[PDB]
Amino acid sequence: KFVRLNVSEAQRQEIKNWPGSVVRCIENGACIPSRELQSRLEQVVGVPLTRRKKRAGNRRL
Amino acid sequence: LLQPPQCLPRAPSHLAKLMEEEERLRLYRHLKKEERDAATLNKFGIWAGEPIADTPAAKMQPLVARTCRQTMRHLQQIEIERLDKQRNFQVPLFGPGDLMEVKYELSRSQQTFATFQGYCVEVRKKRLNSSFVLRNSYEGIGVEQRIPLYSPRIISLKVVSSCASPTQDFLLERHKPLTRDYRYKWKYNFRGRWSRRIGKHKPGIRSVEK
Amino acid sequence: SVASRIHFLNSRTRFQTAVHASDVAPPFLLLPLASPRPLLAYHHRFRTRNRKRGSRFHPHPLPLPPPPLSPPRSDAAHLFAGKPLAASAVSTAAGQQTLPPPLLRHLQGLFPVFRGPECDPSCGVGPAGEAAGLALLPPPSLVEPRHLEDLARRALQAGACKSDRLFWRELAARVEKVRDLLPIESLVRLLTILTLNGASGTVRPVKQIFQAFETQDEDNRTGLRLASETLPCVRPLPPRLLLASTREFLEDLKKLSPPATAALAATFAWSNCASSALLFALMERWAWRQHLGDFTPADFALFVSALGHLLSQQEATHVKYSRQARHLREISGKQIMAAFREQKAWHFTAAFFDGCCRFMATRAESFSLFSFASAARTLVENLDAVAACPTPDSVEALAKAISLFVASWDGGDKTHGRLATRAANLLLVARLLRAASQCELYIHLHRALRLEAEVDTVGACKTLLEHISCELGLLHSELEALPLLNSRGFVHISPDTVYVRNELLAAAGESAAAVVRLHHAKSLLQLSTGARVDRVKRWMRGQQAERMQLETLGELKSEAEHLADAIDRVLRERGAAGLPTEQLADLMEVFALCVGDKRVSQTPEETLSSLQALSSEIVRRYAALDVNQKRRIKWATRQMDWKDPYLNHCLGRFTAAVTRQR
Amino acid sequence: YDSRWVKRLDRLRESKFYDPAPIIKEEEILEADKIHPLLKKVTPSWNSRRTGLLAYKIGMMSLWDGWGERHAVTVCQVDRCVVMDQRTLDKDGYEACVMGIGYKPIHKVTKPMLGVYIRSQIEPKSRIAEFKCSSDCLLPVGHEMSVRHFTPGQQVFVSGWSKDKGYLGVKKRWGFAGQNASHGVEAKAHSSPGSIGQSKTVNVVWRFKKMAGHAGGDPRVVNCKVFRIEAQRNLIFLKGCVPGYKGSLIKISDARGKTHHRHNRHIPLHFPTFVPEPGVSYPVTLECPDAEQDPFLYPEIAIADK
RNA sequence: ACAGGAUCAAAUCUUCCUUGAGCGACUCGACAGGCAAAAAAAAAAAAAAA
RNA sequence: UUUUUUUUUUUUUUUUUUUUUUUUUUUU
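Here the protein sequences line up with chains Lj, Lp, LV and LW, keeping their order. Quick note on the authors' numbering: the first sequence kicks off at 63 and runs consecutively. Quick note on the authors' numbering: the second sequence kicks off at 431 and runs consecutively. Letter by letter, the third sequence follows residues 225 to 382, 392 to 452, 459 to 529, 575 to 628, 649 to 691, 739 to 805, 836 to 868, 889 to 927, 950 to 1030, 1050 to 1104 in the authors' numbering. Quick note on the authors' numbering: the fourth sequence kicks off at 207 and runs consecutively.
Don't take every hint at face value.
Said to hold, decoys possible - Selected chain LV positions facing chain LW (in silico; Cβ < 10 Å):
1) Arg269
2) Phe270
3) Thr272
Said to hold, decoys possible - Each computed BS3-like pair below joins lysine-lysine, with the alpha-carbon atoms no more than 25 Å apart:
4) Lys489/Lp to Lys240/LW
5) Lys615/Lp to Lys640/Lp
6) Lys307/LV to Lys395/LV
7) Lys604/LV to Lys463/Lp
8) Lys606/Lp to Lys213/LW
9) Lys632/Lp to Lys617/Lp
10) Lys276/LV to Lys317/LW
11) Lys115/Lj to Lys297/LW
12) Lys447/Lp to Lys493/LV
13) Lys556/Lp to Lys533/Lp
14) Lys247/LW to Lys78/Lj
15) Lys452/LW to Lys489/Lp
16) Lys246/LW to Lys116/Lj
17) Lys604/LV to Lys462/Lp
18) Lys445/LW to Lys556/Lp
19) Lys222/LW to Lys556/Lp
20) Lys314/LW to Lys276/LV
21) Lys462/Lp to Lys240/LW
In short, the hints are calculated from the structure, not lab data. C-beta atoms are modelled at their ideal positions from N, C-alpha and C, and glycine is treated no differently.
Work out the full structure: start from the sequences and follow the hints.
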């Protein structure tokens, strides 16, 4: 309910194309979530799920 | 008259030359600030925006009671200004001992009005909480009512009989003490019940004739 | 700037050329303009939050004596050892305890540790190891503004004695803090004293024109002294001081006497620091009145020299930043698309220069060799040969001045003292010659170019060539010999002799340049004028042209032959490893000019030998020469029919701006 | 830091040195220079909670309304409330947001404290507080709070410290009855506490006994109503009363429990924050909606004896 | 900290691993402030310069 | 201008408000 109402329209439309629930499939290992979806998921659970990037680094001469 | 005089060049070519340098330095500083801002934002996400409101903090000043008071006064100023506009009538000049007839609404829904008449007894002079007290008698029964000056309910205000005279102006003015004798406080000069006998003064306030 | 450093790091052709260690100089810096700085004042509030809670007399840190080279004794039994200790060691061992002259004298009669060379009983030892005069003065920090000048002057009169650095550092700092309280005139004297302390006993570059003081005999066969600690590469004055002091002068520029202005310009020049604001302000004040006349001959030269030295670099830097300015600007994609669619020396005021010229002209006889040379060489920088711009009148004035000076010159009066001084005098004479040469060329070119559309210099010029020929011949024999490139176990090479050798070679190159230029100058004379001009331009640019002839010299032919013989003799016995980089082509050109209608000079010139040595140098230094020089050489060699397997290899396989075009 | 008599004259003479009142506008337009790039609209959930705010007590005032009923309202000013840092379960172990308020002279701030401010890119702060909220309402660092967070006509939870009255007696603190002024009463008995325990059966005084001591200086909480707000000056008018001195720090949050259930049910509120759209104007001043029924209506109440 | 390491090797902008949880978080290293004068309901208000 | 009820406001939170104490330191 939270994710569905948060995701943009493009993602929302695809969310409705899955044969069943996306959460259950992700939990069960029968579906690979997108970056966008993952973002929302992590926002809900209040904990990162995967090693995120770190946009920082000193250019070496 | 901005700064002390300096022995700077005045040739057009020299000034144009200087301008270039100025421009260059400006550009450089802009670019560097942009770069650092970007970097910071990218890394940490720290943002430093412009002020959104007028606050002492903006001005880099502490919070003081003085400031508080200032603000409070300003708010009353603005409120007065705003309220003045809504009215459809001009308040006439009056004073103590002047017969007046006030007209005010009772019930907006019911359209019930009210008209009071009485002689001025008191005019409490303030900023926003100013009021006037009216007294009258009906069939031998005396009634008294105080009405604020600034009220949206006041339909109308008129004066039936005035008493223009210097006596009213005297009452309508804040007088100053004649002398600093008031500090004497004669009312405090008393004698204790249990205190030693000092003259022929009974317990209580003393006398100044002797 | 990150991209700009990466390009320099990735560059395979850019290098730091240096014939000698002393040639290198501190980098040029351009100071900005002053402006109100409210933020710095607010920051200063955070530096004095606990001053009420600190010492009221000595709140600043305490100086530390320099450390020793080797570690101290294990047990630190310095007193028991009985060996003499330096001032810093005694200071550091006695807990940095003051040793007034009486106490030191009493202790020296009881222990031998205090009987050291720096432990002067009549001066004492300071807290920080100060001695020999500095120990008798109080801390610079504690001295009032009004007593700074006297303290510095008294101190100036005072790997040994390493403790003076602390005192001078303190002084430097003090000056900066008390800048805004001292007299404007006293400030200049303080800066000059600091510069003297920081640059005492130094040697100027070989290719440099400007110099603070004149070299003189000092009471080694050559008599010259060198030291890496006092290398000219070292900046006397920190930029901070100058930056801070900049504003002061702007406010009270009208209160500075001509002697103070000359010293200020010299200090700036010595420091290598520049300021547009200041430069322009000084330029726009002084002028000729029918006042520059107040300046004395000694101060005038220095003031001119400094200004020129600074201005040259200023302009140079301006030019450099102009091009870098392009990339900082943003370009939109629409501009890109539109562009795609579509694609389908003068660094002197006229008035100032005129005034200078007039000044020189009017008091030619009052000048000395050094001053005159210095002044002349500076002003000749603007005169070029490509063709605001100075006037013929202005140039004629300077020419006349030169002539007058030459006529009135005695020609040496010190009885031929130290060899370094004699070499410096020879180089100054060569400079003079150079100047003389350039003036004529400018005048002639101007006249000849202007005529198409619609002073006896040589008589005075002739003497300098003879004097140089005699002096170079004498000094070559008087100087000691050294090994040659072309031909305990270690070759004895004293660095102190190569300096004077390079000075002599630079003077010779100067003369060779001058005599070369004179040829063009003369040849410009009335073939059409336009054709003549074209010919001269070809010659200067290094292009295919007519063979150069020597007869055009006329009266100067004998002097040119004598000069060629002198340089041939010098190079036949001293190689070509000390020649300047910026005047290499001229030395080649002069021999090509000499090779004409010859009778016997063909055998001495090969066509070890001077020519061979020159070639050997060319080949060696091919990685440093400019495209102009390279083309000039390429043509010159051809002219003379000089065949060299080595030189021809570099002339056609190691450059793209000459070989990859026809 | 002057004398008593200098301060007293100052107190009186201050009135003569008041700057002129500002000019208040009717409309406000915001640009991209006042908006956090990282700020976005987030849909709420069943277990989502918002953040609080800090304010300074200025003073009381009386204001009318649409029906003409006068009400007493306290004025509060948010002194540039800015987020400093955030807390995460992974990092710290709990979700929270740290905010700052006030201004301090640079000649009073310690170096370690200044190190934080340099990082933060914000002027020195007087006070720092923290709020616990849900993970889905974590505001970006550097975002400046505004008075628009609370909509007029909603219930608010206000917390702050009470005033100080020094030492007080039993009769003064608690409000004891005491004894009569007459009828043969001892001097000491006038204001005595009386019995303070039981007989030998209970040889110990029960904890938390009402006795004499220093009064005041305690935490207190109260409900308030949003009456009016100002965007220009960042001002909020709260209906009711707020403890603490005229300048003391006060915390404001949303309703909790019954207060929320009964009042704050049908009131649409911007959960995360106020998110203005570039290129659109907003009101400066917002007033509380009037009631439905006529307040000035006195119906008849039958009084029948039985 | 993009600090270290592997690979027939990554969109601009690190594919993946190590740092026990990069010392609870930030920051400082001449850091920090007890007492005195003056002021002083809690609290706040003084840049240094005899 | 201050104090007070004789005036005004609330009657909500309790994993809340608040606080004197960072703890891999098993012989300071």
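Subject >> Distance restraint between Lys604/LV and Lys463/Lp, which requires alpha-carbon spacing of 25 Å or less >> reply: holds, 24 Å
**Pair hint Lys314/LW and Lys276/LV, alpha-carbon separation not exceeding 25 Å** = holds, 13 Å
Checklist line | Satisfaction of hint between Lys395/LV and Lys307/LV, Cα-Cα up to 25 Å | finding: holds, 20 Å
- Query: Holds or violated: are the alpha carbons of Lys452/LW and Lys489/Lp at most 25 Å from each other?
  - Reply: holds, 21 Å
* Holds or violated: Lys115/Lj to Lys297/LW, with C-alpha atoms at most 25 Å apart -> holds, 16 Å
- request: Quickly compare the C-alpha distance for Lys222/LW and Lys556/Lp to 25 Å and report which way the hint goes.
  value: Satisfied, since the Cα-Cα distance of roughly 17 Å is no more than 25 Å.
_Against the 25 Å threshold, does the CA-CA distance of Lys556/Lp and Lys533/Lp hold or violate the hint?_
holds, 22 Å
Given hint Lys493/LV paired with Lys447/Lp - CA-CA distance at most 25 Å:
holds, 23 Å
**Prompt:** Within 25 Å, alpha carbon to alpha carbon, are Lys489/Lp and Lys240/LW?
**Reply:** Status holds; Cα separation ~18 Å.
Fill in: Holds or violated: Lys445/LW to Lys556/Lp, with C-alpha atoms at most 25 Å apart
Holds, at about 23 Å.
| said: With the threshold set at 25 Å, check whether the alpha-carbon distance from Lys615/Lp to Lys640/Lp stays at or below it. | reply: Between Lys615/Lp and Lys640/Lp the Cα gap is close to 17 Å, so the pair holds against 25 Å.
Review point. Taking only the CA atoms, is the gap from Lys462/Lp to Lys240/LW under or equal to 25 Å?
Key: holds, 21 Å
When each numbered hint is compared with the structure, no violation occurs for any of them.
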